[PDB]
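Residue strings, one per chain:
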Amino acid sequence: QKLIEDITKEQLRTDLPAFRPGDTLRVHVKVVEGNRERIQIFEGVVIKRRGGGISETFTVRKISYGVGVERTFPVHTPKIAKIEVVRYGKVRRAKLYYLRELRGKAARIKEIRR
Amino acid sequence: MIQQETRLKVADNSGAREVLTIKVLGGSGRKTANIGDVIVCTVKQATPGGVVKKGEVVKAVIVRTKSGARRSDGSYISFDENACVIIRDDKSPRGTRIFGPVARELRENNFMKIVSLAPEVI
Amino acid sequence: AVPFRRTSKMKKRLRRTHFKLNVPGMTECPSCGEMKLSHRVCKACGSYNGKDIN
Amino acid sequence: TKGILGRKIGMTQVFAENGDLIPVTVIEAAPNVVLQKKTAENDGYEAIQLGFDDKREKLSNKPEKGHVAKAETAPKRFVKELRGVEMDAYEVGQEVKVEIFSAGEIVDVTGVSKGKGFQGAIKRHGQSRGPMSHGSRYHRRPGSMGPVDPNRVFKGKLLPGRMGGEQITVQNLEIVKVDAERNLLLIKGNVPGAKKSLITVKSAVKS
Amino acid sequence: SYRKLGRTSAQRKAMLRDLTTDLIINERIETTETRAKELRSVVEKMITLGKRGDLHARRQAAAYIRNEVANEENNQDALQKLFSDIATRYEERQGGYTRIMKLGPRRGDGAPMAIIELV
RNA sequence: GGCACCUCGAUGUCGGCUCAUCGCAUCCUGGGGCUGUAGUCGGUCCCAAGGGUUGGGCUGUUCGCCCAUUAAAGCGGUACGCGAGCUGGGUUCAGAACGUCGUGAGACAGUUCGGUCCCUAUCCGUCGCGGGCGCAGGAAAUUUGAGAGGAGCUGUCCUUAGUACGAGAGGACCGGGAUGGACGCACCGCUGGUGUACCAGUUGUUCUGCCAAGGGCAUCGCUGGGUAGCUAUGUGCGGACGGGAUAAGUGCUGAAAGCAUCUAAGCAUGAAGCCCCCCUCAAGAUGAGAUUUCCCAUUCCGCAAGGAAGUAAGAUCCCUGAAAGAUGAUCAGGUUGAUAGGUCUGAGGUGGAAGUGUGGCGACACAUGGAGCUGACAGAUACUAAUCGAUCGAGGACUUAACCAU
Ligand SMILES: [Mg+2]
Ligand SMILES: [Mg+2]
Ligand SMILES: [Mg+2]
Ligand SMILES: [Mg+2]
Ligand SMILES: [Mg+2]
Ligand SMILES: [Mg+2]
Ligand SMILES: [Mg+2]
Ligand SMILES: [Mg+2]
Ligand SMILES: [Mg+2]
Ligand SMILES: [Mg+2]
Ligand SMILES: [Mg+2]
Ligand SMILES: [Mg+2]
Ligand SMILES: [Mg+2]
Ligand SMILES: [Mg+2]
Ligand SMILES: [Mg+2]
Ligand SMILES: [Mg+2]
Ligand SMILES: [Mg+2]
Ligand SMILES: [Mg+2]
Ligand SMILES: [Mg+2]
Ligand SMILES: [Mg+2]
Ligand SMILES: [Mg+2]
Ligand SMILES: [Mg+2]
Ligand SMILES: [Mg+2]
Ligand SMILES: [Zn+2]
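Residue numbers (the entry's author numbering), protein chains in the order written: chain i, 5 to 118; chain d, 1 to 122; chain p, 2 to 55; chain X, 2 to 208; chain g, 2 to 120.
Since the hints were derived computationally from the structure, they do not count as laboratory data.
The C-beta atom is built at its ideal place from N, Cα and C for all residues, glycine as well.
Each hint should be verified, as a subset may be incorrect.
Stated by the list, open to error - Calculated Cβ distances over 12 Å to all of chain d for the following chain i residues: (1) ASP10; (2) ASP27; (3) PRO82; (4) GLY93; (5) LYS94; (6) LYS99; (7) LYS109.
Stated by the list, open to error - Residues from chain d shown here face chain i by an in silico Cβ test under 7 Å; the list is partial: (8) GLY74; (9) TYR76; (10) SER78; (11) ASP80; (12) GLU81; (13) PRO101; (14) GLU105; (15) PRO119.
Model the full assembly from the supplied sequences, consistent with the hints where possible.
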């Protein structure tokens with residue numbers, strides 16, 4: 005738990021801000037097609053932040069053209085150029101799984117600023 | 001995990017609204033078919049117009065699934081609905097448009113004509 | 002199932018070569034002299050490891 | 002060929018330079034020590050002995066003490082034998098450090114599987130069940146024993162019993178990174194055995 | 002992990018909550034072997050709660066200690082005795098407040114017996 | 001179908017399920033000869049049994065038809081394999097109705113609705129796990145391998161090349177490279193599952209004298225998450241490259257028979273078959289092997305063989321446990337010591353404790369404060385328990401032989 009810890013500490017990224025589940029943010033992903041380096045912006049609510057160490061991940065959910073697209077990343081990958089933070093939400097959870105349903109039904113369910 | 005007897009919804013203006021799965025194309029097993037596979041399928045529900053009738057055996061490809069799809073660097077993508085496009089037994093679609101997001105494991109196959117008709121690709 | 006044939010004496014007492022007891026692990030309690038069993042309090046003297054247990 | 006002996010410590014991850022995730026198994030080591038040579042004029046083959054992970058002098062008996070005191074070292078806990086190798090770059094007392102595997106190589110990993118206990122058939126041999134409804138009284142039982150005509154059971158049936166604990170060899174793995182300082186070996190994939198166990202990392206036989 | 006001791010998830014908690022206050026009021030009891038090996042890790046945690054002296058610690062321990070009378074004449078209680086006495090006594094000890102001594106077997110069912118006592 | 005030799009002091013019959021194994025008169029994959037084979041596809045015959053050989057609709061169904069795939073959807077034996085392994089839809093008990101026959105009771109190789117499936121494994125057999133003695137002194141480890149088992153499958157695409165072939169249409173063998181299906185092995189870092197002594201919210205009612213704060217029961221009361229272990233649907237790997245003899249075929253020289261001829265002398269080549277290469281078990285392989293290291297100058301009886309007693313190396317009893325486990329067994333330890341527990345310090349999980357204060361009429365909100373709580377994860381620290389002790393365990397039989405010296 006220590007010997008592994010250091011050899012993985014060698015590759016930790018140490019420039020991204022902190023954030024909890026339930027706050028909008030913007031990820032700049034360095035998607036590649038083979039000859040150019042585009043950058044796609046994918047913003048949404050952080051449904052989940054899981055794991056610890058170099059194996060730490062997190063999930064972002066948005067609603068694009070009706071249907072909702074979830075998308076998870078390893079926090080320390082180099083295919084992410086930066087991470088903005090749009091706003092902060094007030095939630096009582098650590099894993100927001102009730103949002104996967106409160107999308108339609110002619111009622112908008114969003115969080116509150118804190 | 002699309003398998004026999006699944007009911008998918010059609011993601012373009014061909015004339016079908018839902019479709020049922022009759023067979024996964026592949027080897028002699030092939031219980032399951034994830035994003036970017038071709039399926040034999042029968043039209044259950046249809047619109048009054050359209051070029052596709054009710055009760056027809058058509059080819060189809062798969063664009064969205066609830067089951068995710070793992071990528072190279074260990075990143076995942078998921079949706080909340082299964083969706084399909086009706087192939088003409090040639091990789092061209094049998095419609096004109098596409099409705100919604102389309103996955104990215106398509107372009108790595110010969111399905112350029114479909115990813116070129118989508119609003120956006122995630 | 003039901004026994005096809007009865008069992009002789011020879012087999013009946015070959016089977017019982019492993020059905021017996023074992024002498025326990027006994028030692029001398031060096032406070033009184035009677036035999037206790039190892040790692041346990043001496044129920045005859047009431048002591049263990051020198052000190053006592055009223 | 003070449004090979005060493007180490008201890009499994011547990012799995013982890015590393016990013017390559019492409020920026021892609023790779024499962025990785027860590028294996029620590031130490032300087033092994035050649036304790037004996039088996040030449041063809043004394044035995045029927047060619048083989049050296051390797052030692053590993055010395056143990057304190059109270060846990061060693063006099064035979065082992067005398068055996069390991071001819072290379073002038075300390076009583077080793079794991080003793081094995083690497084057979085197929087050139088036997089002129091090895092002397093008794095000399096060491097075999099972890100620095101013999103470059104990055105991107107291809108190795109094999111031999112280790113003892115971890116025990117599962119007394120398991121049935123559905124789990125040991127990967128069989129199928131009967132139904133769980135429709136009036137049945139059959140599920141999780143090993144099936145028919147065979148035909149009536151032999152009047153006996155054929156040698157080779159598959160029944161419950163003790164599972165795991167055997168010796169297994171995985172082939173065509175690959176070294177990721179070799180930390181020469183801390184005596185570490187990052188191998189891609191997973192390897193058999195419970196944590197804190199002996200693992201033999203030889204070179205590739207297929208080629 | 003831990004032992005199940007033949008009982009159920011609630012009968013087990015009831016038994017342990019009984020034996021804890023028994024050992025507290027008595028300073029030594031006697032029971033079977035395994036049932037006394039599973040108790041010297043539930044008693045020492047409550048002694049560690051008692052060595053804190055806070056109010057949060059008192060309310061955490063009250064949700065585990067039943068209500069018997071320790072000292073009948075002073076109208077004391079298991080909780081107050083725990084805190085005051087067994088915080089004054091084991092003040093410079095770091096772990097290991099108990100000890101187990103083995104008697105022989107029982108007579109009725111040949112089970113092994115033992116003694117447990119606060120050091 | 002024929003016979004009636006066995007079974008009437010009792011063997012119960014068809015389909016389906018679980019598990020299979022064998023034969024070749026070969027469905028596929030491999031190698032060839034002829035062709036009314038230009039190429040791509042075919043036909044028929046020869047060698048070949050290593051592996052593979054599907055999901056549904058209708059019918060109790062075997063059978064059978066149809067849908068969609070597939071490299072292919074083989075034919076048969078094993079009491080038409082397997083009911084002290086399953087089922088009971090169909091076969092022939094007692095109830096009832098329809099058709100026909102009978103004057104009637106009733107009958108149907110006619111139809112339809114309903115209808116009890118018993119058994120604690122003695123012996124052989126199969127799968128695992130231990131005690132005993134043997135292996136010419138007593139122990140500890142590393143091994144060789146007579147022999148045994150496992151695996152054995154295939155698709156698409158790009159190139160060679162729109163070249164050979166062909167009016168055109170159409171379109172290759174041989175050889176290279178990627179990437180899949182089904183199957184097997186291992187593992188938990190990722191994605192998920194479970195997690196009944198983990199964290200939080202909440203309903204009813206009883207208890208801690210009361211308020212606050214909590215406990216008991218109601219399926220773990222219910223609801224949302226979830227550590228370690230165990231897991232697949234998740235991840236990694238595998239069936240590679242070859243060698244030696246062959247089958248059918250193709251042969252080179254060469255006579256019997258002045259020529260011809262694959263053969264009688266002689267010399268080759270030639271397959272997913274066979275023996276090795278790959279993986280596992282293996283000296284009870286009574287033919288009981290090999291290598292390296294420890295212990296040995298005792299004491300009594302016995303003319304002698306031998307017997308007995310204390311021991312040496314080593315082992316066990318007993319205790320603390322788990323990377324082990326039905327129980328033995330195995331593995332890590334037993335005070336010059338981190339084996340377990342406790343305590344500290346962390347990782348991860350939950351998610352902002354009690355008290356107090358401020359705001360509000362009140363339900364409540366904010367601050368102190370990533371707070372408090374924490375089972376099975378990691379590291380330090382002898383605080384508690386692994387006390388004292390006992391039992392077992394050698395003294396190495398003969399007979400020949402070869403080389404050296406007298
Ligand atoms: Mg099945
Ligand atoms: Mg026989
Ligand atoms: Mg007769
Ligand atoms: Mg007659
Ligand atoms: Mg007869
Ligand atoms: Mg009879
Ligand atoms: Mg044949
Ligand atoms: Mg239907
Ligand atoms: Mg039959
Ligand atoms: Mg027959
Ligand atoms: Mg039978
Ligand atoms: Mg009747
Ligand atoms: Mg009538
Ligand atoms: Mg009439
Ligand atoms: Mg019926
Ligand atoms: Mg039975
Ligand atoms: Mg984990
Ligand atoms: Mg009241
Ligand atoms: Mg109240
Ligand atoms: Mg009550
Ligand atoms: Mg309850
Ligand atoms: Mg729950
Ligand atoms: Mg542990
Ligand atoms: Zn005594």
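Evaluation of the provided hints:
no.: 1; hint: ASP10; in the structure: 22 Å, holds
no.: 2; hint: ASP27; in the structure: 20 Å, holds
no.: 3; hint: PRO82; in the structure: 8 Å, violated
no.: 4; hint: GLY93; in the structure: 21 Å, holds
no.: 5; hint: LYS94; in the structure: 25 Å, holds
no.: 6; hint: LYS99; in the structure: 16 Å, holds
no.: 7; hint: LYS109; in the structure: 14 Å, holds
no.: 8; hint: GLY74; in the structure: 6 Å, holds
no.: 9; hint: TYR76; in the structure: 5 Å, holds
no.: 10; hint: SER78; in the structure: 4 Å, holds
no.: 11; hint: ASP80; in the structure: 5 Å, holds
no.: 12; hint: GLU81; in the structure: 6 Å, holds
no.: 13; hint: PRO101; in the structure: 5 Å, holds
no.: 14; hint: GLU105; in the structure: 13 Å, violated
no.: 15; hint: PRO119; in the structure: 6 Å, holds
Checked against the numbered hints above, the structure breaks hints 3, 14 and satisfies the rest.
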